[PDB]
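J.: Work out the full structure: start from the sequences and follow the hints.
2 protein chains.
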Amino acid sequence: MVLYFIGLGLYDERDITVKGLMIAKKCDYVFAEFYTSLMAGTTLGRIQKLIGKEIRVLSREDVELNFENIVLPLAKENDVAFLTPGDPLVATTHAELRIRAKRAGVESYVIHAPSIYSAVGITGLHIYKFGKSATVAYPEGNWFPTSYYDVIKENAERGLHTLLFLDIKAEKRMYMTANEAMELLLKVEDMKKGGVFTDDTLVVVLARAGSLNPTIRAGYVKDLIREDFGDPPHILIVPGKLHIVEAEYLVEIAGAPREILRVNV
Amino acid sequence: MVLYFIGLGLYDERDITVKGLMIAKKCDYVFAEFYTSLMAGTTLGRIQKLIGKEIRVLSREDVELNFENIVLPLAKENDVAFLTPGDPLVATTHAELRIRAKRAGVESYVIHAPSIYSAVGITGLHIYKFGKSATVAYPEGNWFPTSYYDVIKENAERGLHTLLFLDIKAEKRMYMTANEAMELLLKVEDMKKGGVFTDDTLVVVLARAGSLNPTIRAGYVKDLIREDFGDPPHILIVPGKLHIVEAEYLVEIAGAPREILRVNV
Ligand SMILES: Nc1ncnc2c1ncn2[C@@H]1O[C@H](CSCC[C@H](N)C(=O)O)[C@@H](O)[C@H]1O
Numbered sequence: 001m002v003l004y005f006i007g008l009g010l011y012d013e014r015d016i017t018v019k020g021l022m023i024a025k026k027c028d029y030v031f032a033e034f035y036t037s038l039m040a041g042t043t044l045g046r047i048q049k050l051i052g053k054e055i056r057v058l059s060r061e062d063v064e065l066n067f068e069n070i071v072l073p074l075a076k077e078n079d080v081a082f083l084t085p086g087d088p089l090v091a092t093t094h095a096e097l098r099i100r101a102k103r104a105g106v107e108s109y110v111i112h113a114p115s116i117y118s119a120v121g122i123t124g125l126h127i128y129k130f131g132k133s134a135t136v137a138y139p140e141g142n143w144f145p146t147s148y149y150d151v152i153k154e155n156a157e158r159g160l161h162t163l164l165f166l167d168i169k170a171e172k173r174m175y176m177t178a179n180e181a182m183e184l185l186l187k188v189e190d191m192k193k194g195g196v197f198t199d200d201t202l203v204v205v206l207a208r209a210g211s212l213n214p215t216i217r218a219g220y221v222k223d224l225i226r227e228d229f230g231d232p233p234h235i236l237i238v239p240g241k242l243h244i245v246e247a248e249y250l251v252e253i254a255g256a257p258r259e260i261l262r263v264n265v
Numbered sequence: 001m002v003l004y005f006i007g008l009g010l011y012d013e014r015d016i017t018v019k020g021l022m023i024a025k026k027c028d029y030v031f032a033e034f035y036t037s038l039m040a041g042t043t044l045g046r047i048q049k050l051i052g053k054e055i056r057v058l059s060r061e062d063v064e065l066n067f068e069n070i071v072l073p074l075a076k077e078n079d080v081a082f083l084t085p086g087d088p089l090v091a092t093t094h095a096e097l098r099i100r101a102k103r104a105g106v107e108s109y110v111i112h113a114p115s116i117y118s119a120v121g122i123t124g125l126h127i128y129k130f131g132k133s134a135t136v137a138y139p140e141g142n143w144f145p146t147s148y149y150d151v152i153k154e155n156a157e158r159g160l161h162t163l164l165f166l167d168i169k170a171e172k173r174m175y176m177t178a179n180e181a182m183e184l185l186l187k188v189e190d191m192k193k194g195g196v197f198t199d200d201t202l203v204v205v206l207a208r209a210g211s212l213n214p215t216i217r218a219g220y221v222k223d224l225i226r227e228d229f230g231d232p233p234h235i236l237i238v239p240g241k242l243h244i245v246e247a248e249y250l251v252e253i254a255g256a257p258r259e260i261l262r263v264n265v
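Residue numbers (PDB author numbering), protein chains in the order written: chain A, 1 to 265; chain B, 1 to 265.
There could be a bad hint or two in this list.
Note that identical chains are pooled: a pair holds if it fits in a single copy or bridges any two copies.
Heads up, simulated DMTMM-like pairs for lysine to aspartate or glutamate below, C-alpha to C-alpha not over 20 Å straight-line [stated by the list, open to error]:
#1 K25 <-> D223
#2 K192 <-> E96
#3 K102 <-> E68
#4 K241 <-> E96
These aren't lab readings, by the way, just hints derived from the structure by calculation.
T.: Shown next as structure tokens:
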């Protein structure tokens with residue numbers, strides 16, 4: 001009679017932690033959502049096969065409006081698990097569902113998994129140098145989001161890197177590429193003209209983190225905006241000013257132009 | 001011909017991912033380091049039993065000064081695994097190890113696991129709101145470092161949270177406690193009088209993230225600086241202005257005082 005929030009990891013069913021697998025195997029009911037992120041290297045079937053249960057997938061509305069009607073009831077009796085891509089609380093509002101659990105007299109526990117937030121370390125950029133993060137959202141009708149642009153400006157001021165989560169509309173199977181995010185930003189720069197993001201800005205693209213062969217690329221926008229980085233998910237990072245070893249890693253591992261070697265301290 | 005950087009996760013031997021453990025079981029050689037952090041919820045013996053491979057442990061010098069003469073040679077004619085607590089490449093100096101491997105003509109792959117950078121999402125604080133990160137270090141001799149203090153100032157200044165790693169003397173197994181970190185910062189405040197950290201500052205303490213029963217506590221320094229948060233390791237977080245939903249979580253989950261619903265929002 002408790003509820004488990006269990007992360008599934010970055011790419012496939014194997015990025016779950018052993019702790020999560022053995023507990024998931026012993027739960028009576030298993031729920032999940034696949035709208036907060038995209039696990040490009042697996043299927044619901046493989047997850048079900050690995051865990052040895054039938055996973056009922058929930059929609060954003062089932063979760064955000066009916067979590068306490070669909071999932072919480074069974075927890076008061078049974079052991080229930082709620083699976084999510086990556087880490088269950090990172091760049092989601094699932095944390096709030098812990099509070100709902102509490103108000104219904106249900107104990108909840110969290111089992112972490114590898115998250116895109118810490119996986120940026122594979123880019124060679126010191127993770128402690130990351131500043132405030134932001135999400136590049138798809139424009140809707142007449143409304144064109146731009147806050148993420150200011151975030152980059154603020155962090156870059158301070159010499160900090162900026163992590164940009166990319167938008168996703170899972171029900172429509174839409175996953176914003178880095179390419180797409182770079183376009184929106186040029187438009188925003190063109191609209192605000194702050195010299196934040198231009199054809200000469202250095203950016204880093206990390207695609208399908210968690211797989212064994214993720215795409216990691218660093219370079220100027222003019223060069224990258226049209227390059228193919230493979231299937232989603234992608235994220236895009238706008239570094240601040242670089243340490244020498246960061247630049248060496250970017251050149252050596254991420255194929256950046258050798259001349260970012262030359263840092264302008 | 002292959003080197004696997006495999007993360008061990010947060011607290012115990014089960015915090016490794018299923019992908020990590022299977023890859024490790026198939027490696028001819030397995031190395032690990034416990035100088036950047038320790039796994040307080042387990043032992044080297046229980047890690048070795050779960051992997052079924054003897055684990056040779058490397059010191060900080062072994063890694064930083066002789067990675068290429070201890071680990072890479074073996075990786076040229078065998079599959080080698082290098083285990084680190086948390087997520088691989090989070091520790092500032094580790095990414096550069098991949099360059100060494102490239103230089104030695106060795107292929108390297110990274111197998112992610114849970115990191116404290118993402119696992120603090122369990123505190124209910126929004127991840128995108130975290131700013132620059134820092135480490136609280138012990139003063140010693142004629143040296144009294146205070147950069148971590150300025151970090152908190154610049155972050156809180158911008159409404160961003162500050163994640164503070166506490167000093168650890170890995171070899172001597174000697175952890176700075178959240179209590180000690182608080183007093184240090186109180187002492188640093190008396191020095192710079194910047195109005196950054198005082199008895200009225202609200203802070204969040206996270207201990208043994210990853211275990212099923214972590215300790216999550218939030219409150220004003222004057223009430224926490226002398227509270228017992230249990231066994232290490234401890235992580236300190238000085239939040240910026242809170243989103244009402246964050247505050248509710250800290251109150252309902254981390255036992256924070258009602259007062260924050262109106263004072264820190
Ligand atoms: N493996 C991966 N590679 C690249 N980007 C990823 C990724 N997994 C998630 N993302 C990024 O993050 C967005 C989802 S945000 C939710 C993140 C999740 N809780 C976690 O802990 O990772 C995606 O739209 C994408 O931009």
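J.: If the cut is 20 Å between Cα atoms, do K192 and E96 qualify within a copy, between copies, both or neither?
T.: neither (35 Å within a copy, 37 Å between copies)
J.: At 20 Å max between alpha carbons, let me know whether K102 reaches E68 within a copy, between copies, both or neither.
T.: Result: close within a single copy only, 11 Å intra versus 51 Å inter.
J.: Between copies, within a copy, both or neither: which fits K25 and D223 at Cα up to 20 Å?
T.: For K25 and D223, neither the intra-copy (47 Å) nor the inter-copy (41 Å) Cα distance is at most 20 Å.
J.: When Cα atoms must be at most 20 Å apart, do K241 and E96 count as within-copy, between-copy, both, or neither?
T.: between (36 Å within a copy, 18 Å between copies)
Hints 1 and 2 from the list above are not met by this structure, while the remaining hints are.
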